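Here it is, the structure in full.
Showing subunit A:
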Amino acid sequence: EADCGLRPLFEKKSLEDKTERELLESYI
Partner candidate 1 sequence: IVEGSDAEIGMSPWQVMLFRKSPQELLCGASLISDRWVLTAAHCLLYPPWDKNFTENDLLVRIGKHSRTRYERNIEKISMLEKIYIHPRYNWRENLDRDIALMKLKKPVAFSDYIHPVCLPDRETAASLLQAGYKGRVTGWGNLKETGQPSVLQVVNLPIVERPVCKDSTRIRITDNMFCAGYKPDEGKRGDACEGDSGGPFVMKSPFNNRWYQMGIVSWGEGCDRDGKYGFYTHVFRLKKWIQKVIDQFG
Partner candidate 2 sequence: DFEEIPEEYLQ
């Protein structure tokens, strides 16, 4: 879908989950 991978309760509302920042910080 064109909408794949965007979570209704997170990305779609611009809310971050409790640990996604750990992933981002690893992408150096």
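Regarding selection, all candidates are chains of the complex that A comes from, given by their letters.
The criterion applied here is as follows: contacts are C-beta pairs under 8 Å (C-beta built on N, C-alpha and C of every residue); 3 or more make two chains touch, one makes a residue touch a chain; residues count from 1.
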Only one candidate among 1 or 2 touches subunit A in this complex, and it is number 1
As the complex stands, subunit A meets candidate 1 at residues 1, 3-11, 17-20, 22-24, 26-28
